[PDB]
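Asker: Spelled out, the chains give:
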Amino acid sequence: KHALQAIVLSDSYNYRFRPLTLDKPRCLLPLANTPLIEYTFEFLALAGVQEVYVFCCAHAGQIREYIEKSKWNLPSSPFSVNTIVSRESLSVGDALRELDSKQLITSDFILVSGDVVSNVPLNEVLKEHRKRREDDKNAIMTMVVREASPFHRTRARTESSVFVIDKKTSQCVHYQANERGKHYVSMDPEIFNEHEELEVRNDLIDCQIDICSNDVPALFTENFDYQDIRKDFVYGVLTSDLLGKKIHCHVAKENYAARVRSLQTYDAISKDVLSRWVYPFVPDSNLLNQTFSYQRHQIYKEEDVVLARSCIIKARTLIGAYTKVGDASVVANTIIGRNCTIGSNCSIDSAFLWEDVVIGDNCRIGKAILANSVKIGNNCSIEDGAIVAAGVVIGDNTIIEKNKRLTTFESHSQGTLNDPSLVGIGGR
Amino acid sequence: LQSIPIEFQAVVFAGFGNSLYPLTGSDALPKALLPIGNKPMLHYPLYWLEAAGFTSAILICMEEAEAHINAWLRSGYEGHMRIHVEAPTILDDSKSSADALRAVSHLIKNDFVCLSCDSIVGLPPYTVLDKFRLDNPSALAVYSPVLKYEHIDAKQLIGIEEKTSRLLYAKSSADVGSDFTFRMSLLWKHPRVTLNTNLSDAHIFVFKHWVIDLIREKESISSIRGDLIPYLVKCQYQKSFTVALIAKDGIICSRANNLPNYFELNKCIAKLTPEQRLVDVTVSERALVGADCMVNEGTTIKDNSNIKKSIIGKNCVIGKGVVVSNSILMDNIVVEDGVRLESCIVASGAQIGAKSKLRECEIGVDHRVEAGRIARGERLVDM
Amino acid sequence: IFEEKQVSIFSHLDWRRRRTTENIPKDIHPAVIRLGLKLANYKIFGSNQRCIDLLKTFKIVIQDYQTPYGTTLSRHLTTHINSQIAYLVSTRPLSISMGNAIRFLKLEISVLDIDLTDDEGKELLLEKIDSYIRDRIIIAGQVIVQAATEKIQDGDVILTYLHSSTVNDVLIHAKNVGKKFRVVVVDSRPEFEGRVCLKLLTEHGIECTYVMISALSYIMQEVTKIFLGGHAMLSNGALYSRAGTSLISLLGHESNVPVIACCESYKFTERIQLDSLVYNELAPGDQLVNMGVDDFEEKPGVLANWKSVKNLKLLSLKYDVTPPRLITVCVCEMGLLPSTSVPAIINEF
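Going down the list, the sequences are from chains A, B and C.
Counting in full-length UniProt numbering, the final residue of the first sequence is number 442, and the numbers go up one at a time with none missing.
Numbered by full-length UniProt numbering, the letters in the second sequence go through residues 32 to 183, 191 to 281, 311 to 450 in order.
Counting in full-length UniProt numbering, the final residue of the third sequence is number 462, and the numbers go up one at a time with none missing.
Hints in this document: simulated from the structure, not taken from any laboratory.
Do not take every clue at face value.
Pairs of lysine to any residue residues, derived as SDA-like cross-links and limited to a Cα-Cα distance of at most 25 angstroms, are as follows [what the hints assert, rightly or not]:
| id | chain 1 | residue 1 | chain 2 | residue 2 |
| --- | --- | --- | --- | --- |
| 1 | C | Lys151 | B | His115 |
| 2 | C | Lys139 | B | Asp217 |
| 3 | B | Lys201 | C | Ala153 |
| 4 | C | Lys156 | B | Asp58 |
| 5 | A | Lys260 | B | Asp217 |
| 6 | C | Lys292 | A | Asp433 |
| 7 | B | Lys375 | B | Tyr269 |
| 8 | A | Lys181 | C | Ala417 |
| 9 | A | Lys182 | B | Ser211 |
| 10 | B | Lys201 | C | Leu311 |
| 11 | B | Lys227 | A | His166 |
Far from chain B, some chain C residues (derived; all Cβ distances over 10 angstroms) [as the list claims (entries may be wrong)]:
| id | residue |
| --- | --- |
| 12 | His142 |
| 13 | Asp248 |
| 14 | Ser359 |
| 15 | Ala457 |
We put the CB at the ideal spot given by N, CA and C, even for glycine.
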C-alpha cells in the first residue's frame, strides 16, 4: 500500500531491430516522434511507481545518459530512476536473481520486459493484488492482460495464449501459449474439482505486464533453471514445480496495453497510438514540449512545418517540425520525424521517417523505416519491409527490394552508403 | 379452432432403473411409479407437459412395466392428459433413452420434446419452449445446479459458450478421465467458454424434427447423454448429413429441476414439501403427533408412536411405539408395531416387524423385516 | 378504466408488453407465436422486414386455416386473423408498415365476393400477399435504391444513422457501381445498431467513420449528404423514424447538408402528429442502466434500482417526428418528390 517499484528490462528485444540499434538502443527508438522508453515511464508514473530499475546492456551509455538529462531525473519526478548494467542477452530471472543478490526488492514490484505503451491505471490492479495477498502469502504474481479478439491485430504470437481462469477469484489455473502444431488444450482433471466455475479464454492479449510479490527474486534464486517468466516460471507454478503457489490474472476491459517487442508490433502500435487509443498519450499532448496539433483524419503536425501547395497529405500522417514537403508529393499513413526534406512528385505510403531524413524528387516509398540522417537520391523505390539504418545514403535511380536491411556498420545487414547504393555498394 | 397445426409432440421415456436397486428389481410396480410427494414419479413430467400446453404425449415404456403403468393412467393420474404407451419389444435393460426413441421413430413427425419419467421440473414451461423457438437450434438441453443433499452421482462437466447459450462441451466429469481435452479448433471459433462442474443434466430436451433420423440411421447412439455429445458442429464431420448451421444450446436456473435417476428420490421428496395442512383422509390418534410431514390416504398409526419429518404413502398402518424420522414410506406397508425408522426408504408391499431398527437402510419390495437391527444394509429378500 | 393520463407527459404511452408465452391463448398459430417472440426480443430488424415476415406468416396462417362449415371463408377468416393480430400487438405495438399491410389483407379478405372453392380462395390470397411483398416492398426498394444512388457523386461523404436496410442497400449498391465515397455512421444508446451497420458496410469494403450522436456537430462538418430510412412518412410531409433522426436532420440543415428520406410508398400514412410525444413506442427503461460502451455485458449501474427510487424515472423513446422543413427530398418508388406531396400519392394508391 506504499512505495511500489518497477523493474524495466530494457535491451530485451534489441537485435530484433538490429540494423537499427547498431547506433542507439531499442528503448531510445522513436515510436511516434518520441522515445520508446518515455511511454514505459509515463505508464509506471500512471501506476504510481516510486522506484525504477532499468536493466540494460547494449548502448547502456546512451541509456544512462538519456535518463539523467530527462525530466525523470528532475526533483519533480514521480519516481527515482536507477540503471543496472549487465552482460549480453540478459534474461528475466537472471535480472531477478541479480535483484535478490543485491537485495533491491521491497514490497511488490512491476516487472516489464522491453517497453510498454499503456494508459491502463495499475492502481486498482495493485489493490486487488494486495488484498489477495493479505490473507494468502502464496499468491505470488498477478498477470495483467487485455480483453480482445482471437485475430486482433494487436494480438501477435507472443500475446496469443490460452488462459483458463476461475471466474470469481480470477486465478489462472492453466496457461499454454498458442503455437500451431499444438492442436489441443489439455489440463489435469483435478482442477475441476477444486474450482467449480472456469473460463477458457483465447480472447486475451498477454501484455506480460506482471505484478510480483516479495518472494519472486528469492524464488528465482531457488529455481535457477527458470529463464522465461511464462514457460519456466508460470508453467512451473501451475505444474507445481514451484510448490504451492497461486498465480492470478487481471483482465482489463478498457484502455489499451501493448509491448514494442518487434518490428511488426512497433508498426501496429504506432497505428494504435495515432488513433487515440492510448490517450492521453498522444502526440498532441506534447509531453516533451513539442508543438503537435491534432487534425481531422488523424493528421498530426508540429509548428514550422513547410507544406508546399499542391502537396497532399492523407490520413494517419504525422509530421515533425521543420519538415519540408515538395510539390505534387503525396504522403499517406506515414510518420515523419523532425527536420526532414521530401522532394517533388513523391509518393510515401505507410512508411516511417525518423529525424533528418532527406528524400529527393520522384520517389516511391512504402512500408519502410528510414533512420536518422538517411539520404535518398532522386528516382528511388523503397519497398515493403525495407530497413534503412542511420546514415545510409541511397544513390539516384536505385531500387531497394523488399525486406532488405541496409546499414552503415560492420555486420550482417546488407549495404553501406555511397551512391548509387547497393548494389554497387561502397561498403566496408 | 384447429386451424393450428402441431408444433411439438411430447415423448417421455420410462425405462426401469438399475440404480435405485433396492427399489427397482420389481415387476410389481415399476420405477416410473415410485412416489415422490405421495404421487408417482411419472406425475411431474406429465404435469409439466400439460401446463406446457400439450394434450397428447407418447410414453415409451418397458414391456414388464406395460401393465402397471397403463393401470395408473386410467385411474389415479390427475392431470387430464392422454398418454399413448408403447413398450416396444426391442427395449431391454441393456439400453437407455435414444434407442427406445428409435424403436418408435415412425411415431415422431414434428419437432419433439424429449423428457424422462424421473424429470421433476418446476421450471416454467414457456422459458423452455420460447428459447427453442427464439434461438431455433437443432436441439436445446436444460441443466441445473446439483442437489445439495441435506442428508448424510458422478459430476457433470459442461462447457457452454455463455452469451450465445451454445453448448460446446458435454462430457461427464468422470469417463475420459485421464487428460480431459479441449480441441483448439474450438478456441478460434467461440474464443470464450465457461466450464461448470456445478451443473447436473435435467434430461429436458427439444429437438428439431430432423434429429429423429440422425437417430434412425446412426445405430451407435444409445442414450441421449451419449447422443448430445456427438453433435459436433465444429469438426471435420464426414458423416453424410442430408439433414444453415448446426447449433446446440443449454439453459440453467435456480429452481427445482433434477433427476431421481440416483438415490435422489429421498432429497427430491424432501424438497417436494412446500405445502400447507396435512390431508384429512387418514386417521391418526390422540396419544400421537405428526407434523411438517406427508401422510397419504388409508394409512393408520396407533398409540404412542411418532412420525417426524417423513413421508407415508397409501394403504398403511403404523403403531405401538414407532419412531419414524427423516424417512420415506411408500405403499402397502404394515409397519409392525413400535419400530424405529431413522433416515430410511422402504419400498411398497413390504412388511417390517418384531422391533426392526433401520438407519440409513433401504428395504426392497414385498420384503418382510423381522427384529434384526442393521444400519448399512439395503435388504432384502433372497436371490 | 384501462386509462392513465396524468401529469407525466409519458403517462399515455403504452408500456404493457408480453415477454413470454405464459397463458398464451389457445387459438394462436405457431408461426404467429414465434413471430411474437422475435418481435418482442430482436434488436436486429425493423419495419421493412417486420412487414415481410408478418405477411409470410399470415400466408402460413391462412394456408393451415381450416374452414368450419357452419359458415364459410369470407366472414370468419377475418376473425381468425384478428386473433393473431391481437396477440402480436400485445408482444409489440404494430409498425405503420405492418398496419398498412393489415388493412390491405383485411380489405382483400372481404372483396372476394362469395365465389370460389376455398382452396382457390386461399390460392389468390397468397398471390397479392406475394404480389404485395413483390411490388410494394422489394421491387419498390430496388427502385428507391437506384433513384437514390444516382444522387451520389464522386467524393461524397454520406451520413447514415443507425441501421437502415434501405440506406444500407443504397450505399452497398453505390460502391458496386463504382462510386467513390465514404460513409459516416452515427450511432446512439441504449443498443447500438450503428455497429451492425458499421460491421456490414466495412465487410463490403466501404470507407467508414464511426461516431456517437453526441459528436454530431463535430462530424457534420465533413458530411456532404445525409441519407435516412423511414419507419413511416406522415401526411404533413414529416418523417417518422428512429429517435435521433430529427437531430440528424436539424444539425444537417444548419450545415447546409441535404436531407434525403428514403421510404417505400406503402409506409405512407394518413396520420399527422405535431410532436414526437403523442404517437411513439416506449423502450424498456432498464436498457438505459447499462454503462455505455457495450450492451448486455452485465455492468451494474448507479441507476439500476431506479424502479424503487421515487422521482427517478428512466426513459427511451424509439421514434421521432422530423418536421417537413428539415427534409430536402423524399425518395420513393414514385421518384424524388417533395415530402409534402405524400398525401397526394395516397390518392394514386
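Asker: Out of the numbered hints, which ones does the structure contradict?
Answerer: Of the numbered hints, 1, 2, 4, 6, 7 and 12 do not hold.
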